[PDB]
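Listed below are the residues making up each chain.
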Amino acid sequence: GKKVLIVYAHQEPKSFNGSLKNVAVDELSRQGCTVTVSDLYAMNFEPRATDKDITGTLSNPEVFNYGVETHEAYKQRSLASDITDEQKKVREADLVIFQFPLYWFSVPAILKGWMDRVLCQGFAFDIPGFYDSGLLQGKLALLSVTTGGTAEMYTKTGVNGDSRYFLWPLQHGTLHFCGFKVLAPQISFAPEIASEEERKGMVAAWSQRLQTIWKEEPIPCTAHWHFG
Amino acid sequence: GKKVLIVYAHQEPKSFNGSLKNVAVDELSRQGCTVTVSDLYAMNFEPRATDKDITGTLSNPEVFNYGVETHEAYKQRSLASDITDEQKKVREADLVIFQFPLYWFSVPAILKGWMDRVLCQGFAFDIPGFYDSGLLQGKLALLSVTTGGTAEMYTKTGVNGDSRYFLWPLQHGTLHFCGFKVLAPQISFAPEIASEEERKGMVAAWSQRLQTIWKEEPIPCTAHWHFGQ
Ligand SMILES: Cc1cc2nc3c(=O)[nH]c(=O)nc-3n(C[C@H](O)[C@H](O)[C@H](O)COP(=O)(O)OP(=O)(O)OC[C@H]3O[C@@H](n4cnc5c(N)ncnc54)[C@H](O)[C@@H]3O)c2cc1C
Ligand SMILES: Cc1cc2nc3c(=O)[nH]c(=O)nc-3n(C[C@H](O)[C@H](O)[C@H](O)COP(=O)(O)OP(=O)(O)OC[C@H]3O[C@@H](n4cnc5c(N)ncnc54)[C@H](O)[C@@H]3O)c2cc1C
Ligand SMILES: Oc1ccc(/C=C/c2cc(O)cc(O)c2)cc1
Ligand SMILES: Oc1ccc(/C=C/c2cc(O)cc(O)c2)cc1
Ligand SMILES: [Zn+2]
Ligand SMILES: [Zn+2]
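Quick note, the sequences are listed as chains B and A, same order.
The number in PDB author numbering is simply the position in the first sequence, starting from 1, with 1 added.
The number in PDB author numbering is simply the position in the second sequence, starting from 1, with 1 added.
It is worth saying that the hints were derived from the structure and are not from the lab.
We treat Cβ as the ideally placed atom computed from N, Cα and C, and that holds for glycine.
Covered stretches of chain A, going by a simulated chain B footprint (3 or more residues, C-beta under 8 Å): (1) 48-57; (2) 106-114.
Here are the simulated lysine-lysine pairs, DSS-like style, with alpha carbons at most 27 Å apart: (3) A:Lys53 - B:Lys15; (4) A:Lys53 - A:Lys76; (5) B:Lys76 - A:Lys15.
What the simulated footprint calls covered on chain B by chain A, stretch by stretch (three residues with Cβ under 8 Å from a Cβ of chain A suffice, anywhere in the stretch; the number is not a length): (6) 4-15; (7) 46-59; (8) 64-76; (9) 98-106; (10) 110-123; (11) 149-158.
Pulled out of the complex, with its shape left as it was, chain B reads as follows:
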């Protein structure tokens, strides 16, 4: 039995992202997996890290420290319920797939806010549980990313650089740091520019990949992997 969380960040059901999201749901559902989707925009998911993320009265309301207050709210069970709902889905999941359009060589702010607010100290990492020992060790994470720019652009000497370069903050700084093993990213280059046939072929490739997802080994999430 396997349990997947899809964290989906696109405003339009009929987008290329929406299609990627839906074939993941359909294939993983067809395999018999437990599937849950956090459709961030439909949820009006709050992106801002603020003192409203802590219910009750703050531990030190004089000088508001987000990292400390959230750490302490997580331990005292006083986080906002939007955050705790997300944490229960992550806790239960064996795999977390992130389905998003690349925005400024990173994730859309709404998704960034999910990272920022859900992955708090005590839940996702602690001292000493980070990187290989992060608190989510034993889970898999996969970034399924679409781009505006072409694969040629995204090379070591193309105008955008190697697509691995932009993956570092997300795969290493974020997912590795919380102890996920990182599956290889799914990158779907320039759908707006591809033909009907090319776009179908990209959806197809992803569907196929999912059939064997559970067989996969994680990448070595290293500076060498991203930059070497």
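Once you have looked at the hints, place chain A with the ligands on chain B.
Chain A with the ligands only, in chain B's frame:
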């Protein structure tokens, strides 16, 4: 006479970010610069890229494409007024400083959304008209970043990898894309770890640098600079 915009992202005025923001204001105001701060959290700045960002008839209301719809909105002067307001600030600034704590090797979501929403096509870039031909050419940008991780952690052979690696999406993918010339980042490592006196040093060092900021030249915002040979 120079005009600066500081885009500032921290919830707490008494924070180390707040002190950096305020020494910047102080010093730049002392020089006689014109200074504007966007205090994002204070402003309840909207981070989410949504259809609320266009006021008029969408080009294709059946299938919402944020990039397309905002570009056209920019050209029709139909963007949400919060976006327009930031754009005017940017347009008038000679220098844009981003003041923020590192969150997940990047900017805090609220600031990410300022990037996502403010830097739309037509305003910050066209196709063609990007990177060196981006539309914000002849402006300067500077990232002033604070971190939890120590400088050592942020080396090439340490757990976080080199500081420069995490700058890439911000310096190259965003700022250089839009035409900015990028000034060398100010990175204030691990204040929470530093002593009071070490913290003071870091604040004073930023103030000292600002004294001669208009004499600086930008970095070469290339793969090489960020990643080595
Ligand atoms: C703020 C912002 C910043 C950006 N920054 C970057 C950046 O740093 N780098 C970069 O490279 N790009 C950037 N982009 C562009 C962005 O990454 C792309 O626009 C996005 O990845 C495209 O995916 P989408 O799902 O919206 O495409 P869609 O526009 O939704 O897809 C293209 C076409 O595919 C069709 N389609 C949908 N489903 C299917 C299917 N099953 N079969 C066939 N066709 C299908 C759609 O109907 C549409 O015609 C940025 C965009 C924004 C808005
Ligand atoms: C969601 C999240 C994700 C994070 N991700 C990362 C990450 O990827 N990488 C990473 O390295 N870190 C990360 N961090 C850590 C974060 O970057 C640091 O906590 C932040 O940079 C510290 O800056 P601050 O202004 O909040 O410091 P503060 O906590 O406000 O400052 C530290 C101390 O300086 C004192 N001080 C304030 N003003 C002065 C002054 N003028 N003179 C002397 N002392 C002064 C304050 O009183 C305080 O005691 C993350 C934090 C969060 C919440
Ligand atoms: O609420 C909180 C959420 C996240 C953090 C993250 C810290 C962090 C520190 C590093 O040195 C490297 C890193 O990749 C991440 C701290 C508080
Ligand atoms: O509203 C917007 C619409 C599109 C974009 C695109 C950005 C982009 C940025 C890059 O560094 C490389 C690239 O190939 C594309 C930005 C804002
Ligand atoms: Zn890693
Ligand atoms: Zn560059």
